[PDB]
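Novice: Using the hints provided, position chain B relative to the given structure of chain A.
What follows is each chain in one-letter form.
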Amino acid sequence: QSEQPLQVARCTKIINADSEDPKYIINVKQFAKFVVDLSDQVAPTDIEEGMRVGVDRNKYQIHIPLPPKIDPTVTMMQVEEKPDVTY
Amino acid sequence: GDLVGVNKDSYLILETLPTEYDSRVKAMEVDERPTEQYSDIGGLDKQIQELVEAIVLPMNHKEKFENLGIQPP
Numbered sequence: 088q089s090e091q092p093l094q095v096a097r098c099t100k101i102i103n104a105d106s107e108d109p110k111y112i113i114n115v116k117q118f119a120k121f122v123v124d125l126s127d128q129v130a131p132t133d134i135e136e137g138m139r140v141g142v143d144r145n146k147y148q149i150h151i152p153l154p155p156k157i158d159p160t161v162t163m164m165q166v167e168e169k170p171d172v173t174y
Numbered sequence: 148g149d150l151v152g153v154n155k156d157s158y159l160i161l162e163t164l165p166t167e168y169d170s171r172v173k174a175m176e177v178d179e180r181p182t183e184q185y186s187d188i189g190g191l192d193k194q195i196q197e198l199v200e201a202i203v204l205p206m207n208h209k210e211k212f213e214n215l216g217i218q219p220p
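Here the protein sequences line up with chains A and B, keeping their order. Last residue of the first sequence: 174 in UniProt numbering, with the numbers rising by one and none dropped. Last residue of the second sequence: 220 in UniProt numbering, with the numbers rising by one and none dropped.
Hints are computed from structural coordinates only; laboratory data are not their basis. Watch out, some of these pointers could steer you wrong.
Derived Cβ-Cβ restraints for the label pairs, each shown as a range [unchecked claim]: (1) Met-163(A) <-> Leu-191(B): 39 to 49 Å; (2) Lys-120(A) <-> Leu-204(B): 38 to 48 Å; (3) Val-177(B) <-> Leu-153(A): 19 to 29 Å; (4) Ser-170(B) <-> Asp-124(A): 17 to 27 Å; (5) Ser-157(B) <-> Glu-168(A): 55 to 65 Å; (6) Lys-155(B) <-> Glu-168(A): 44 to 54 Å; (7) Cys-98(A) <-> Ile-160(B): 22 to 32 Å; (8) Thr-162(A) <-> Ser-170(B): 17 to 27 Å; (9) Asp-127(A) <-> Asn-214(B): 50 to 60 Å; (10) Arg-139(A) <-> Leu-215(B): 51 to 61 Å; (11) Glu-107(A) <-> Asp-178(B): 16 to 26 Å; (12) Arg-139(A) <-> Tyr-158(B): 50 to 60 Å.
Each residue gets a CB set at the ideal place from its N, CA and C atoms; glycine is no exception.
Just chain A, same shape as in the assembly:
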């Protein structure tokens, strides 16, 4: 319930930002591109291009940043455990 009054944010894929001001330019995914504002809590730097960021759903404004995809085929092979085979 605490984090029920919290939030969702549709992830987004940044096409790129612009200057003399910010307004970051973005294509979400199943939808499309929106040139939209970014969260107040994130500088104009910690948001490089090609960065799957999270987007205030309705307001459609950068809410928070994130990290990169790796698919579920590369992570499925990271060993987790370890094979008992000493020298």
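Specialist: Showing chain B alone in chain A's frame:
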């Protein structure tokens, strides 16, 4: 084919946008920029000339090419 701001409600174009250009493509740029000078190499000087001679020159010298009536490779 020209990016446009369109007020969501209105579909009234607000701003013109720069232009399309693949996030997969942009990764083709070069910020770090190598640091290999030439002396790093060795024995390749024949073509190293050519290497230079096919880009640098034609780039930093396009007025010399026509002054001999040619075209650059």
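Novice: Looking at the structure, which of the earlier hints fail to hold?
Specialist: 12
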